[PDB]
Every structure is written in C-alpha cells, then in structure tokens.
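Below, in structure tokens: the form solved without uracil (URA), a single chain.
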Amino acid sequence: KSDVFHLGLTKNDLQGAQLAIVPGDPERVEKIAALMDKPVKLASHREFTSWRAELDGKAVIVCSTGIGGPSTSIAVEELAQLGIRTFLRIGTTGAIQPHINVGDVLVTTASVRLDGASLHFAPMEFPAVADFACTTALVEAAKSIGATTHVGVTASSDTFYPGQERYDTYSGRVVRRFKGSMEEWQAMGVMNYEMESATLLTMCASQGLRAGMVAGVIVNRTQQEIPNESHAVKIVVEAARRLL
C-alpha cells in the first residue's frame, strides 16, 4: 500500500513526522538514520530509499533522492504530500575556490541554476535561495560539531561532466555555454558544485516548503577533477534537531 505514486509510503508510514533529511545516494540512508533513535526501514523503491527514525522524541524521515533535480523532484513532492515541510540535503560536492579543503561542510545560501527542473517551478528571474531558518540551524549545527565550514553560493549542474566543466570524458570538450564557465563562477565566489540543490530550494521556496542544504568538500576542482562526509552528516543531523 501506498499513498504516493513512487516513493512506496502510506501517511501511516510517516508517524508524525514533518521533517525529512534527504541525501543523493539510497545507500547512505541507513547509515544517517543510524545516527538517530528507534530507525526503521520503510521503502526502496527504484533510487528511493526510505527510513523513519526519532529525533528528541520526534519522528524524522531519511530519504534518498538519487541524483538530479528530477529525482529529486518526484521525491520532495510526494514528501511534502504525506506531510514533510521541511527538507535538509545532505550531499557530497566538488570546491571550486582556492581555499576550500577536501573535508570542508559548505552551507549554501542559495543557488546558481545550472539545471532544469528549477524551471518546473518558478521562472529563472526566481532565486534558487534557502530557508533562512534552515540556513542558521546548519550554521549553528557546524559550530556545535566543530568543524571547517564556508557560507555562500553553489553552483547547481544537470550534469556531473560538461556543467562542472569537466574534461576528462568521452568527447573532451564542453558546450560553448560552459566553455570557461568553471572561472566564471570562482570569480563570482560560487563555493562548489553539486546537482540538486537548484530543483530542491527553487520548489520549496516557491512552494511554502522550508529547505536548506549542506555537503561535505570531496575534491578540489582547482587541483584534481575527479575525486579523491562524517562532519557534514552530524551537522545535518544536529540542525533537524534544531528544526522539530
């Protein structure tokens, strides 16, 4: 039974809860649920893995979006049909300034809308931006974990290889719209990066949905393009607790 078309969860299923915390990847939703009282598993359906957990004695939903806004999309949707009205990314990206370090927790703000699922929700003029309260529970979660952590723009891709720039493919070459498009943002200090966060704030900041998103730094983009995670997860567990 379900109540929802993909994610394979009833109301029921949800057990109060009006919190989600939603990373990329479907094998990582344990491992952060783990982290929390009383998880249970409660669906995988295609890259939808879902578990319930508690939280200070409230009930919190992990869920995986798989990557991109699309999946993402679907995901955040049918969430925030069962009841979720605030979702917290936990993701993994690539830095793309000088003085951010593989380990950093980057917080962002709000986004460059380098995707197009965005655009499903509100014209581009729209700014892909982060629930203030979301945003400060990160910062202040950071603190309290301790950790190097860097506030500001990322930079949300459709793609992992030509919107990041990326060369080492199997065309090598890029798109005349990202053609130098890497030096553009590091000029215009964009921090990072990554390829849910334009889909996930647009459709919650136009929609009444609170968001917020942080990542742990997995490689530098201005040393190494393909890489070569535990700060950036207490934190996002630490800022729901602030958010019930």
Contents of the next structure:
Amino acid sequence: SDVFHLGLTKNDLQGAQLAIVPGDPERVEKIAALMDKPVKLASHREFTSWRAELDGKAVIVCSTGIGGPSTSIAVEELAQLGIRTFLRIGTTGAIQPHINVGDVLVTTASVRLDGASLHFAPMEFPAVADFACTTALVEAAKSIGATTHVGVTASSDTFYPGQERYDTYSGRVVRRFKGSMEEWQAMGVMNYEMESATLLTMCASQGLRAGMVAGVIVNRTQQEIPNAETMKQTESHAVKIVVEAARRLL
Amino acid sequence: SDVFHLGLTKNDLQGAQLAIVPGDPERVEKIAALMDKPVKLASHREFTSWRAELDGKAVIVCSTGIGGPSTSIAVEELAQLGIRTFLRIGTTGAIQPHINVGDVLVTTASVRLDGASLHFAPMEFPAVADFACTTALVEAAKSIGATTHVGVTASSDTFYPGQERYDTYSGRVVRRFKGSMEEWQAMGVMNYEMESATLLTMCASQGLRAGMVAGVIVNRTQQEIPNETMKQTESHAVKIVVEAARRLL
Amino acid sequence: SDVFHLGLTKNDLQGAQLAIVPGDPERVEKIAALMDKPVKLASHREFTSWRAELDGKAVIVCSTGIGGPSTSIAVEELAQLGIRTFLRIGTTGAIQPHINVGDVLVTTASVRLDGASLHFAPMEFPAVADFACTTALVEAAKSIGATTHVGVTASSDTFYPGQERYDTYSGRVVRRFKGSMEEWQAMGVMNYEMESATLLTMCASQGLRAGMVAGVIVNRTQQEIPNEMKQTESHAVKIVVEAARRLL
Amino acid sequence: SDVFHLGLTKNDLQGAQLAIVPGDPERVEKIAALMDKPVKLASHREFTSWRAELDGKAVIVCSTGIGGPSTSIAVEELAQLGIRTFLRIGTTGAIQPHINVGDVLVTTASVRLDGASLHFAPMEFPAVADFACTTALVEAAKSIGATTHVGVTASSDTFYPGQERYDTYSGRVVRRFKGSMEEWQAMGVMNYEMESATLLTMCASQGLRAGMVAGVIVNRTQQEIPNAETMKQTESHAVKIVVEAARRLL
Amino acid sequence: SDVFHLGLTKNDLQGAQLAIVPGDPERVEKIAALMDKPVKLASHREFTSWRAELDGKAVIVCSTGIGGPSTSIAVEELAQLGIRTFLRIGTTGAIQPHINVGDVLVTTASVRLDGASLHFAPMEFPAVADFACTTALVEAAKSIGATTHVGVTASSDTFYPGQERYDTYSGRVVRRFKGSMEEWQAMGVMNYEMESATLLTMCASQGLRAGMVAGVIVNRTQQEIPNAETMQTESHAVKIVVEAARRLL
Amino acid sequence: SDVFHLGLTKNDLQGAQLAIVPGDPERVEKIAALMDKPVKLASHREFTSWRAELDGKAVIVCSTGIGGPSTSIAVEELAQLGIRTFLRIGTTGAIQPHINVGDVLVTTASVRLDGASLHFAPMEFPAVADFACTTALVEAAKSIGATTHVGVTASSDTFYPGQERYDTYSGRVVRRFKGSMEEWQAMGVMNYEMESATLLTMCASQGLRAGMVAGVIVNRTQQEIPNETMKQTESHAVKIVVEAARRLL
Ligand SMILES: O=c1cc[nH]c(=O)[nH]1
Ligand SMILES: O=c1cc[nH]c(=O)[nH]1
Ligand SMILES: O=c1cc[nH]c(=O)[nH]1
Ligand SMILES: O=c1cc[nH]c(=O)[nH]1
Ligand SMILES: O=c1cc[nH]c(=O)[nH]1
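Got the form solved without uracil (URA); any chance of the form deposited with uracil (URA) bound too?
Complete assembly follows, chain above in first position.
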C-alpha cells in the first residue's frame, strides 16, 4: 500500500483527481452506484473507498468517518494519491426556523468549532470553500430544482455539547457553548455539522479545492434528536447534486 | 444627519440598497462619474458620499477610510439608512509570485488580522464574502476583461508590521508577524489589504451581503513600496465593481 | 434503538457498567473473544459493539473510530445506557529514544492537542485518567510482565501535522506545531496518539472513570519500518482485559 | 514626498519633533490656529497636515482618521519624518456618572479593545502613555482651567458593538461585549474612544513618547444629549489644553 | 551558597533526593520532628529548610510560601541541589458537600488557574502528579485508616476572586471567574488550593516526580463550623506525607 | 483578627490610608525606621506589618512576599482595613544596557507575565500605576539626586524561565519565553520583577491608587559582579518611597 490508513495505491484511483467524501462508510457504495462502472477498492477502519466513472473519467468515493481527525487522514492520504478536488456530502442539523429537513445546504465557509483545522492554519484563517466547487454545487442544485440554502455552517468537534444538546447524561454544557446556538442563529448561520471546518481549512491552505454540501435531517429550533426516516430517497437530493457537481468539476 | 458620522438622511439615498465602498474619499467621485446622474451628498471626516443611478436604480458610493474601525462605522450607518449590499473596491499588495501589478483580485474570504471583526463575531467565525456578490464580481471581471485571481486575502490592521514590512522606523517586526508573509504565501493567500476582514465578518454575521475586489499595485516578493499604478489600475478595478453592482440590483 | 449513533438499548448492555473502547472496529471482536459469551450487538458507522462477560459480569466492547469527535459520541451514548467506566486500548507512536516498538504505555494524563476536550471543560482542566483505572492497568501489565512506561501522552487531532510529520502532500507544518515534537520530548512526553485528551477530559468532567493503555507500533526517532503490530496489539489487548477484571 | 501615505517631506517639518494628532481631519486647522504661523502642508485621504510655531519651535498637526489602522500609518510615517513625540487630542464618551459633558480626560493607559496594538506588542504589554506627556497634559489642564479626570480609557475598534451600543441595524452585541460597559464601569474605566490603545502601545514599544487627552461629548449614563456643544466648547476646551501641553514638551 | 534564594549548598542536603514542601514555614519543623536526626538548615524569606533522616536516607523539608511564583523558586533551587521527588502537604477548603472536615485529599491533577505553570509548559499540558507519588500517598492514607478522596484540585493564583469570593473590598468577581465554582463543582473538582498547578506542571515537564496530599480544614458548602480545634487533621496529613515518603526513597 | 491572613484590625492601622509594600519581610522595619513613631504590628507567614507616622498621618508598611498570589492577599486585606494608596519598593534586574546597577526605576505600567492579574481584569486591561503615585515617586527620586528611569517593566510569575534564565536544572525555557528578553529590550522594557503586574492591575481595576519604585541589583547583559552594592541601592530607594509617601498623605 502507498498510504498508511486507506490501503490504496495510485493505480487504484486510475487517474482520478476528484473525490466525493461522505462521513458514513456505509454510504460509499450507495453514491458509487449512481455512477458508471462502480468498483470497490478497500475498507479499513472508517475508510471505505470505491472507484467509479463519470463522463468517461474516473472519480473516487471515500468515507471520512465522523470528525476532523479521521477526515484529515482521509483527505491527506487521498491527496498523496493524486486527488486535488474534494466534495463532502453529509447530513446536518439546521438551526434556522425556515429550513426544512430534506433541504440541501451549500457551505461557503465554516465556523471553526473544531480542533484539526488549527493543525493546518491558525484561527485567523477562514474555513472557506473553493469558488469553483461551491459554484458547481449551487448550479447543480438549481438544475435539479431542490430547495437550497447557501451560507455559513457551524462545524463542531462534538455532536452534543458543541451543538448545545442538553438531552445528555450530564445535562450540562460547558461555558463556551452555553447560549451559543441562539448566537450563531442571530449571526445567520444555517446549520451544524462535524467535518467542514477541518476539510475546508486544510484544503484552502494546501492548494486543494474543496466543496461542502449536506442534507438536513433535523431542525434544532424544534428538537435535538430526529425521528424521521433516513434510507428512502429524501436526502438523495444532496447526493444527486454532489454527483452532478462532480461532473462539472472534471 | 440621520446618522452620527456620514451626514446623510434616509431620503438622501433615494431608495438605494447597494453601496460601493472605496477606502479613499477622493475616488468616490471617480466611481460615481461612471454611472448616471452623479450627485455629491456629503463629506464628513474620511466619509465622502455620492449618489448615482444604475439602470434606473439608486446607488451609493461612500468611502470608509483606511481600516476596519472607520469601515465598521460607514457600513453600520449605511445599513441604518437602508443599504443591504456592500462592494469594496480597494488597492492591494500581491503575496504570490505569479500575481502581477494591474491584476484584479476577488476575495472569497479573508485572514482576520484585524480587531474590529472580533466586535461582531468570535475568531472561529469565517470572514467570508457573500456568494452572489463574489459571483457578480468574478462575472464582471470577465466582461471588462482582466487577469483575475480568486481566493483568500490577509486583512491587516496595519500597513507595515502586519504585512511584515521592514521599510520602517524600527526595522523590526513583532513575534506574531516574524516570517508571517511567506507563511501566508505557502497557505495560498494571494494578497494583503486592510478592510476586508472587518467588512466581510460584520456583514456575513448580520445578514448583509458583501463582496471584495482590489487592483494590485505592488508585488511583495519583489518590492515593499509601490512604484504609474492607480492612473489605470484603479480605473480598471473600478469598472469591474461598477459592472458587478449592475448584476446585484 | 435508543441512542442515535450506536443503535443500542439499555437491555443490550445487560446491566454492564464497564466498556473497553478501541479505535479500530476490527479490534472489537478480538477483544470480546478473549472473554466469556461474546455476542455482537450492533454496527453503525465506525461504531461496532459487542457484549461479553468477565467473572459473571457483563462488559461492553465498542469502537470509537479515529479522533475525539467520534470518541465523544461513543462515550456519551454509552453513558446514557449506564456505562460509568471506560478503558481505551490503542496503538501509539513513541517519541522517546528508550521506548521501542512492542512496549506498553499507560497514560496518567494527556497533552490536549485536540478540540473536543474544550467542549467539556476549558483548557485549564487537566486531561487526567481516573486513578483506579490507571492502577488496574499498571498492575495488569506487571501481571503479564510487559515492558511498561507510565506518564503523559500528547493527544493530537491529526496524524500528520499535529504529530509534526513532514513526509506529506504539502510537506509543511503550521507554526504552532513546528519544533513541537522536540518540545514534548524535552518535557518527557512519552507518545503521540489521537483520542485520549477527549476521552480523559470528558470523563473526568462528568463523573466517569477512564484509563488509557497503548501498544507502541512506531518510534519517531528510529529509522525502522514495522517488522508480526499484530504481536503488540494482542499483547495490549490482554492488559486491558485483565485491567477491566479488577474494575468490575 | 519621503513617505507613502502622508505626502510629506522632512523639509516640511522644519526640524519639528512634536506632533498633535487629532482624529478629525477638519480639526487640524482649528488646532494649528492656536499657534503661530500656521501653514497647510498636505491633504491625502484622511491625513490632513499643518505646520505651525509654538514658542518659536516648529510643530506638526496631523490627522489620524478614526481607528488604530489609520493612526498606525500616520504615526509610523511621521516617525520616519523625524517626529518623536505624539499628542492625541480627541472626543470621547464618558461612562462614569460623575464625569460630565465638557470635562477633560487624560489617559494614563488604555484597555486594548483594538487589533492594531497586537501588531506592535502582545496583549500582555501595557498601552501606557509616556510620563512627561501625561504630566504636560495634567498641568496644562490646570493652567487652562478645566474639570479634569485622569485614569484608564477603553479604546475600542468599533463605535457601536465594542462600546456596547444597542440602537444599531442588528440591535445585538457579540458575546465578548455583552455587559462589558457595566464591567469597565466597575473597573473604574472612565471613557470610550477609538485610537489610544494603538497609539500608546506602538509608541511605548518603539521609544516614542505619546500623550492622550479627550473632551467628553456624551455621557452614557445620562439621558441628556448635547447640542452643537459636542463640537463646540468641549472640543475647543481640549484643543487649548493639548496646545498648552505641547509647549512643555519641546 | 550554591543557590540564589534558599541559602543552601549541595553538602547541606547530605545526598537527599526527596523533599517535603509545605506552604507555611512554621510547619517545616513539625514535619521534620516525625523523622530521625532533625536539624535546621537555613531560613530566608518564606523559604525555611530542615534536614532529617528516614530509614537511613537523607530527607529535606522546606517551605514554599503562598503561591506559584515562590513555589517555583523553591522547587527550582532544590532541584539544582539534587532533589528529584517533591511532596506537597497543605490545608484546603473543600467545594463538594460530601467532603467533610477530617477528610484527606490526594491530587491526581490540577486545574491550572495560575500563571507560573505557563512558564514551564503551554496550557495544553496537564498539571498531573507523578504516579508513584500519588500511589504512595493513597497507600499511606489508607494505612492510617483515613477518609480519602482522590481526584482533581483547582489551583488558583488568588485566594479571593479566583476562588469566587464576594466577601471582599470591591465585592466583584471578574467575568472569567463569575459562576466558576458551580462549574468546578459540576466537573467533580474537590477543592481550591494555591500551589499545586505550578508544582505539578513544572515537575511533570522537567522529569521531576511530584505529589500532593491535603487535609480539609473547612467546607465552602457546609453550614457547620469547625470544632474546638480546626487544624487533629493537620497532624494526620503530615503523618501521611511522611509515611508516603518512606515508599519513595 | 478583622482579616484572615494579615492578623490585623482597623484599629491597628489607626486610620492609615497609605501602605508601603516591599517583598521582603525584613525590609519592613527598615522602611518604618525612617519615619515617626514606628511600631511593630504583626507577623504571619510572609506578611510582616509595621505602622509609623508621617506629618501626623499614619502609614502602614507591610510585606507581600514573592509573587502575585501572595501580593493579592496582602493588598486585598489592607484595602478591607482602609488602605487606598499602595507604594511598592523592591529590588530588580535591568535588561537595558543603558540602565546600571544602583539606578532607580519608576514603573509607569507593567507587562503582564503573571496569572493573578487575570483574576481581577482581562489581559486587555493595562497594569498601570496611578498618576499621583508615579509623580510623587519621580518627584521624590530627583529630590535626592538618583539616576532615574521612568517606563515599563516586565512582571513575571517566575524568577527563572519567565525572565529567560538558562542556568537552570533543565536548561530549557518554553517556546513562549524563548527570545522573549531580547524582544522586551527592543520594546523599551526597563527590568524584570515579580509583583507589579498583579499589584497595578488589581489596584487600577478596583479604584485603588498604586505605584512602584525599584533599585537595580543585577544587569542581565553584562557580568557586573554583585559587590555592599545591594545595601546602598536599597537604602536610596527606601528613602525615595518614604519621601514619595509624604507627598501622598
Ligand atoms: O444534528 C446534526 C445532524 C447531523 N450531523 C450533525 O453534526 N448534527
Ligand atoms: O501593499 C499594500 C498595498 C495596498 N494596501 C495594502 O494594505 N497593502
Ligand atoms: O505514530 C502514531 C501511531 C499510532 N497512532 C498515532 O496517533 N501516531
Ligand atoms: O461615545 C463615543 C463618543 C465619541 N467617541 C467615541 O469613540 N465614543
Ligand atoms: O533579576 C532579577 C533581580 C531581582 N528580582 C527579579 O525578579 N529578577
């Protein structure tokens, strides 16, 4: 193997320079299945990688696991392998009242509430998306007619206290994050997720292009935990546009 | 008049919802000269304001002065008067070897080396431009014709030590900024300016739209102090910001 | 079905109080197999979970994935289900010339080079392991007679720049971490790993007991590539299982 | 010109080593009018400069514009031109109930609510005024006849949120500055202005002497809002004092 | 004299490698009295030293005074003279209701609410006790049948605001420490003291072994006042720290 | 008796409003011996107190001990008993080549290299001396013909690493303080001491007046062997602080 964690060689990518990167390893197959000639490559830890084709050119689907650390491994080793463009597709909790579950959110930049981003650039540096990648994602969403919101995302290193969840074992939230939800909301932040900050920072500061899109699974102005179903075709809207966006970026 | 610093009433804007915000008060007139019905409004401190017309729509040109603090004043007070879209036209110093004098740089987001941005959002918040504003700016660059680069800019509260300039009185730079320029360069940061961090942070965190464009007047990998410049380079970037404004009405 | 990520219930745990938390989903089965009545419970994302028994007492084995974010989810949801004791068993890179590959490292407290720990307590709070858990781990290592070092661990949010690696895509390390490995060496830090700061902080801040043990797979000073990590892993797997036995 | 922004040459200074540095470019002439043989030198951007004579010695008056960034350029470039001593005359908002409109305030040191000071010294460094300059201003105030208070100032990078003003477009103040005015009030801080922290730090950390005086145009604990008396007697009062102070620093 | 403050030489230690380090200089003798051949060494400022023998080996007892800055001088200059193990014995105020007077507290690690800590290691570094030292203290505590609590201690640079006391001159607490006791209580912190964060951090980062035991004098949450005497518990913690020293020689 | 640590009552102060605050307990009597009706008050820990008289007004002399934590206790409890003005007299190490052994340094404000100051005010707040106290001290120093320097001083929570001394057990200094002395020198910082940051911050932020004067006992740039020099230098500063106190009653 050419890399330590993913168990891949450069030949496995077959010249691919773009990668679609979900959090869940179990979604890699699902996304590769929407493209031509899907071929499984490897599965190690939380890193499941598939190869596929789009307009005759090769593309990589590869999971990152939850959080910046595992993402930082995935992106780095993938980049050592020849990928220059990364498109994250994820699930998200919306913090604005008008955003409906199922909607697609395109991230221009992220509130760095993580730790891995600091390992690539100091906090002054913006966790900003690539312009071509964001453009491709916005245009893809329009040519599909999906309810799309585009703006700032709060990217947290936890699922619970960092996203101000109170339905927990302790039931408390550290000072830093007490009332932080209503603050991001007043600041026009759309949503919470867990990988965009580190992904966006590490790419923007290393000459790599990155885009970020997610489907809403819960609205946090209403509840902390969703009940709604997951595996049908509802959040496939975000998946369809990330594949369509990948087309334009080849 | 309705606001503390700008000497303007809400009636002065005539329904205007977009402002173009140059740093230099003397360039306000030049920008207005490229639009229909340019009328001088007010001149107070570093805040020179003109009103104009684009395609039957009112537009404001108002200077901000150098730096986030006076920038934060102009924007706030222009927002109180009804402005919701801000386009900054400035001058800049390229950090990358491949970016030449005359080039047009559009800012997607900026490195926050300012203090005023902290007065609207904590440091983890991105100093990010509005997507529609950036789009129009990039699209306007194609229209006018310009060698254009798009990306991250370092927005400094100082012209000298924050941009690691050594042509100074002291000849020294504080620890935080020792070797900082070639660190920004390695991170792909394209230029140094002085207002974008404040403008972008304050707008994006307050539901206002903002965009940033600038003409390069010096390349730092070869010189510190800039050295014909504005005569054509300013007019160039100005034509772009005006064209971008058309697309945002 | 109760907890959102793990897909587990109170009942699946069978009144278990202790959980062993490796980073690798593949190591979960291996650890549970060393105990009595091993039974798979669930597998979602990077969280694969098993139940087993030590001396008639139910014990959970649940992976965390790589990093503090995924660790934090696992520990939290396990706590909702009744787990009060957490034992991490991991792999690590030694940064002291006298700690070679195959050695066992017990962490007293961690250098907090993560982000998730700050979501539970401010940086001034120590990322410290529970005393009973640490005691159990040291004693179990002596019981099998392993080469054991006890001390502080640098817990990084990245495998590469945070642990000061230059053999990368860009080859650069941000100012904060430039020369940092020499600093940790000078300060007597034993090793780099990627989950302890989050685990130890969130547990010490919430009334949970936690201990950290790791087998050395690489030494950051030496010029040597892995030889049987497999020998080291199953070795440390015995220590953590034997430690859990004392904590029930 | 010898400098990039200011449009001034060393000859323009005529051997001057003292600068009076108001915020407002329109005040430059007013200040120079209290001295002998005032002549306009230059006007560029926010930087309007005048030369005048005080007790036979050459003295520069030069505007800084609002904020630390503008101040940092002016002071740097004046220093390049030969200036060693800087006197700030400004307007301010008093925050203590006992300090009235029309009072004169001399700053010994400032709370650094700016970003430009960090470009000259870390936060732990004091934004402290030079002893001689401060002495000259205390004596001048007493020589002119004024109600004078001496102490700590809050130097903010914003007029609004950093000074906890709420009647704004957004109506909100960022966490950092929520209840901040009440805290500074409890800490004995007497006023808000916008350039002392930058000026005091960059001078004290570079062997330059700096002084800070301001006239109270508003009190944040009172409902009464003056006048024309803002730019009126109060402004004129402080201007007389700064000129009188300059006489003792030649 | 070999060192700047303590007024001691290498010879004065007689090959001692362990030091017991109380806060109060008045307590140094009492501790040394429990051991063989107690002899005063020196007394300068807040640092009063005594030498004793324990099971044949030489042992130093030396005061640090109040706070990290003085502690860092004692520990530094003692280390220069050949001291490798440091054991802190003090008195403390419990912040947890279940902790009563007469209870002993062993500190595994400390909350770094001090300043001197940062002069040895960045805030990221844990203010952690040495394992052998901690084990020894818990064993020695158990061997005298003491009610022992093991865990995290909050180490403050101040007695008043950093421990969130309002019964003061100003009656105010700075933002940082406003509501901070409730937070530490929720996080399971046992008590406040003023010297551990410095001792633990500087030792754990320089290859020196450190540990801390403390007797509870008062409780910040309990109504009941200490009896005919406060400090019965005083002599126990001293006996504990002396007994722990034995296992570490 | 009215306080927890100092062992004083308001009655002991006899309506005193100014205190002189050295670090060393032994200097307390010496400062008092230059005034009228000097009398011992109390001695607990590193807090030795004396009351004297000057022009019919009671004056307190009280030791703080080494460091901010110790100082914060003394200053707080003195303030509870009625002291409003605090004058610190100390020994110091100059870092400027132009500052010589035996020179007299008056502190306008201090670099906050401490932790205790943060317990009273956030880092943005200046550790500044009161103007009247600074004036009195400068005015007092010229009256007896001292060679005087008036400026900023670095106030460190450690004697060693924070003042960037390398002749230590470990021989190392944290990144934060590597090359820090050279940077303070370039910034115009006069000297190193260990109490002013805490004293000045807590006084300036609580409506208390404070100042500091010190005498130079070592220069960190050259090898001037410390000769009686400490004796004569201390005597001159002690005279200065008492003469300054006279002007503040
Ligand atoms: O609420 C949510 C949903 C998905 N991912 C998150 O981080 N938060
Ligand atoms: O170099 C430059 C040029 C213009 N503006 C800046 O801020 N820097
Ligand atoms: O070097 C290593 C080996 C394992 N895990 C790490 O985090 N680093
Ligand atoms: O409130 C005020 C008044 C004048 N200047 C300021 O900076 N603030
Ligand atoms: O160098 C010195 C001398 C005296 N006091 C200090 O703190 N440092």
